[PDB]
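Q: Below, each chain spelled out in residue letters.
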Amino acid sequence: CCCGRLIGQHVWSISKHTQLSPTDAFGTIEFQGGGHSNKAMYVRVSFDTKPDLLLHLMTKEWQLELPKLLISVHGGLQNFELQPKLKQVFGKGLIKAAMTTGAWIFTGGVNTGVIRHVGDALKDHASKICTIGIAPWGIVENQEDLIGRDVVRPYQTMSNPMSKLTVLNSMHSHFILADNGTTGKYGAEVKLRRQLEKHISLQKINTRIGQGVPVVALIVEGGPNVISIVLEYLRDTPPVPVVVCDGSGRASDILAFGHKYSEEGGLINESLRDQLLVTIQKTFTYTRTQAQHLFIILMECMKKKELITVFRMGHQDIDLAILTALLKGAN
Amino acid sequence: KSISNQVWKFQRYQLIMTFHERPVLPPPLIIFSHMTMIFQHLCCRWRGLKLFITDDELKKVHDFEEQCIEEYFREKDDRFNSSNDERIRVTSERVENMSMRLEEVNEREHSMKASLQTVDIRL
Amino acid sequence: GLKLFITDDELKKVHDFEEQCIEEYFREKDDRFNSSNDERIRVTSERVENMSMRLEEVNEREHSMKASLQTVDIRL
Amino acid sequence: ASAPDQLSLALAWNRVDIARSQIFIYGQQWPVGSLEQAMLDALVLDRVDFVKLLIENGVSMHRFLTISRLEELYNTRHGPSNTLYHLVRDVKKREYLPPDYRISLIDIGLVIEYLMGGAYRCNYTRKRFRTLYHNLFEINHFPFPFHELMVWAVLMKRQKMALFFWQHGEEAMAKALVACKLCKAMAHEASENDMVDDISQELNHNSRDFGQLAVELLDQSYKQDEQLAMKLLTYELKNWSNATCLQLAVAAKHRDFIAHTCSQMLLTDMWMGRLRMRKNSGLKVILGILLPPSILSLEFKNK
Amino acid sequence: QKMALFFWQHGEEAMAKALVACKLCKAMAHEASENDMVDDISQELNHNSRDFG
Amino acid sequence: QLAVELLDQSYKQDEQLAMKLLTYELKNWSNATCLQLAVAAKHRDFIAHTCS
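Protein sequence lines, in the order shown, are assigned to chains A, B, C, D, E and F.
Quick note on the numbering used here: the first sequence kicks off at 30 and runs consecutively.
Quick note on the numbering used here: the second sequence kicks off at 4 and runs consecutively.
Quick note on the numbering used here: the third sequence kicks off at 1013 and runs consecutively.
Quick note on the numbering used here: the fourth sequence kicks off at 231 and runs consecutively.
Quick note on the numbering used here: the fifth sequence kicks off at 394 and runs consecutively.
Quick note on the numbering used here: the sixth sequence kicks off at 1382 and runs consecutively.
One or more hints might be untrue.
Subject to a maximum C-alpha distance of 35 angstroms in a straight line, what follows is the list of computed DSBU-like cross-link-like pairs (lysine-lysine) [said to hold, decoys possible]: (1) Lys79(B) with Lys121(A); (2) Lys410(E) with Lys509(D); (3) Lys323(D) with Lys1393(F); (4) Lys63(B) with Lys68(A); (5) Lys97(A) with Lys63(B); (6) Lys531(D) with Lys62(B); (7) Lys533(D) with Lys62(B); (8) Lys63(B) with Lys322(D); (9) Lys461(D) with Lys125(A); (10) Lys468(D) with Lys62(B); (11) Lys531(D) with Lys419(E); (12) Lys333(A) with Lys79(A); (13) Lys157(A) with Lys509(D); (14) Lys357(A) with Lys193(A); (15) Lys152(A) with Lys79(B); (16) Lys395(E) with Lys97(A); (17) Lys1401(F) with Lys1423(F); (18) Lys395(E) with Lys79(B); (19) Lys533(D) with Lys63(B); (20) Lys53(B) with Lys468(D); (21) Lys63(B) with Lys121(A); (22) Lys416(E) with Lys12(B); (23) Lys395(E) with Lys125(A); (24) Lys114(A) with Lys79(A).
Sample of chain D residues at the chain E side, in silico, Cβ under 7 angstroms [unchecked claim]: (25) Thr491; (26) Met495; (27) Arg506; (28) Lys509.
Rather than coming from a laboratory, the hints here were simulated on the basis of the structure.
Heads up, the beta-carbon is just placed ideally off N, CA and C, and yes, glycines get one too.
Construct all of the structure, not just a fragment, from the sequences and the given hints.
A: Shown next, in the form of structure tokens:
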């Protein structure tokens, strides 16, 4: 159907005609499979709800204290590969920053892409730190097993290689499941995660060293939606800083190659601009008609270089760039 | 003499626990204690180094040992990975990979430079 | 007999000498630590791991360059 | 072949990673009890890497363990050669053989009493468990399974399995000291039962492994904090005959565990008692007896 | 202690600083042995004194 | 040594076959056993090992 499910498996309003019902599935997941057994709580949240009730759950109903840092783990949705010790230094710096700052980490949750690098990052830790995932309900595998009120439901690492559904990573500590009513479609979690990060960032911290509870958002590769969330991060009030990790490709390498040769933002020479445009058009196989649109979008991102922080490996963990951008984006 | 101090700490536990098993009056005046201990025992029946821990503190004493079992095995892994014996092991395995894999680079760059010379003729 | 009461200037020469001895002692300890077997094996292991990463990168890129050279030979 | 069929070929090969790649892959049709029986084969063949793989994929150690199943573990004949044979003939004659005697949970509890000695009385030899043995031959599921699986492996000289069962579970400082007591007592029995000197040296070597493990388990706990460290060594060990970590250590004669700083400040605290004046004591305390008015000048320690 | 090494390096009269520090560390060592605190404190203070010596 | 750690690995392999090796009649070595040649050479550590 338009919702992507089977025609007989039924039972926004535009073309889906949804009816807003009370929530029914929430509780605790017993993760059998994937090495050690880990309990991770889960609550199904409608995508157009208020974030203050999410915050009330995360403070009172979930026994999680307010952190000092919010490491976003936005990246490419598809599964990719990296250099091995690049992933090792990424994981070591990530867990080092997480245990020093007591951070909450908003990893995507479904086990494909940079989320799988976060799950391998926590395997290096292997011993607090909260790892709340923001993944849609319609895309996760074995949805029927996660149905149940306050029940410790079994959830295997059962992951069919031909199924469009993706199993959640077994090593998150918490989970938020964004239900818009459809199955197998992205975009159900993005705006809810943005309003959650904004309602967290307006909370005044106990120390109040900066401006409330600070957020540092990290990008590894990504598509054009990575560039659009960079413009959503930088031009926001407050201007949350970003950290990009190159040596990987896609949008992050293009951002770092622009940032190395930008000077005062738009001070890019003609040959470097043409090289960046042709690598956007050919190396990452975007359309050449939208290449100039993505270039002026990159210029709108690039007008505020004071918060964009890069990390070049070559010991020298990513937590250096994480804490440096933490001190930059605090006022 | 080399074991003397370590024997001394063991012989302490025998002495501490026996002497904390004794009545408060001397062995001279032990008849006074033996009347009073029978007095308190019969008035309830006919009418030290063991902390009894309740189940909520038994939770935190237990889970504390789940951290201490992890940094035991982690500092063994750090000790093995930093001891000289496994350092020369991990170098020797790595170098014997680079001998074959730079041999791959050497033959391939020799062929690619020869193909570059042939392609430069048609230029 | 063994309390040589010194004037201030000669005392200042003594202090300058003793500062020189402190710097020489610390740099000689640094050279002893950075020429002992332990640190040499450590830094050798670290640089060989960096070497293996870099050589893997070189081998992959050179394979890509050989494919590009074959494409250039197709072009000419 | 089915996935039960393929897994049992992997246990034969002790190949592990092949079973990780294909047999334990997604979309497998594992029957109810196929994991349970293959778990049983994994222990008796001494597959310490396979028991890691099966509990990784959720074999549920709490639900696998049953009185009838652990009976089959203790009478398992194929595997590494055991020693509890010569123990169970001796403790049965001490109470008051038939060749195919099925060594019971009751009779193996008498082995643990004979080895650990002193006042250790096993939970198997409680009057509560004796009625459950007569009635049955999660009531038959033991509540904390990893304790009973380790005293299985220690008693049958399955060393690599025993260290695996040590880490998985709780009361780890307890499980190290009991294993130190059982290995040495089995060593003294085997040395005076004309076993080979390789056997007796192996059981002493196992004794000085599990003796060592507890020392830096105490030492790493000391580095974290002191207050929870004395809590670990003084609390009541209900699953180990109501004893304490100091009591099991001195029953196992392991002198280094007591020689550690943490238990020595523990004993000194009791030896002073409520009196707090350690500063040049001895002289001040003798004047306590000889002058009963003098004791008010001495210091104390409230609460 | 590492703080003590750091102030030992800077300044002047460091020979006197080291010898006074050695005496002060064994002095606190046998005085802490007299009041009998944690023996790690005593062994630590003697190790401190052997370092400064 | 080439004789005593030959006895050692025989002990790890099979006790039953190592014990018969030490005691069988050496027809080409004047009708004695491995223990009898050991005591003629006074080899202490061959005889002190747990197999013999």
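Q: A separate judgement is required for each hint: does it hold in the structure or not?
A: Against the structure, the hints come out as follows:
| no. | hint | in the structure |
| --- | --- | --- |
| 1 | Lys79(B) with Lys121(A) | 19 angstroms, holds |
| 2 | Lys410(E) with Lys509(D) | 30 angstroms, holds |
| 3 | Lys323(D) with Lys1393(F) | 33 angstroms, holds |
| 4 | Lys63(B) with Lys68(A) | 18 angstroms, holds |
| 5 | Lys97(A) with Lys63(B) | 25 angstroms, holds |
| 6 | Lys531(D) with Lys62(B) | 28 angstroms, holds |
| 7 | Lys533(D) with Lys62(B) | 24 angstroms, holds |
| 8 | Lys63(B) with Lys322(D) | 41 angstroms, violated |
| 9 | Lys461(D) with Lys125(A) | 30 angstroms, holds |
| 10 | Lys468(D) with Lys62(B) | 14 angstroms, holds |
| 11 | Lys531(D) with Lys419(E) | 28 angstroms, holds |
| 12 | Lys333(A) with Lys79(A) | 30 angstroms, holds |
| 13 | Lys157(A) with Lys509(D) | 42 angstroms, violated |
| 14 | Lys357(A) with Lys193(A) | 41 angstroms, violated |
| 15 | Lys152(A) with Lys79(B) | 17 angstroms, holds |
| 16 | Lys395(E) with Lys97(A) | 30 angstroms, holds |
| 17 | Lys1401(F) with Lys1423(F) | 21 angstroms, holds |
| 18 | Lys395(E) with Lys79(B) | 26 angstroms, holds |
| 19 | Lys533(D) with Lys63(B) | 22 angstroms, holds |
| 20 | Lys53(B) with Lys468(D) | 11 angstroms, holds |
| 21 | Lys63(B) with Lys121(A) | 28 angstroms, holds |
| 22 | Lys416(E) with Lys12(B) | 30 angstroms, holds |
| 23 | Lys395(E) with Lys125(A) | 24 angstroms, holds |
| 24 | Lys114(A) with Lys79(A) | 41 angstroms, violated |
| 25 | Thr491 | 6 angstroms, holds |
| 26 | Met495 | 6 angstroms, holds |
| 27 | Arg506 | 10 angstroms, violated |
| 28 | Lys509 | 4 angstroms, holds |
In summary, the numbered hints that this structure violates are 8, 13, 14, 24, 27.
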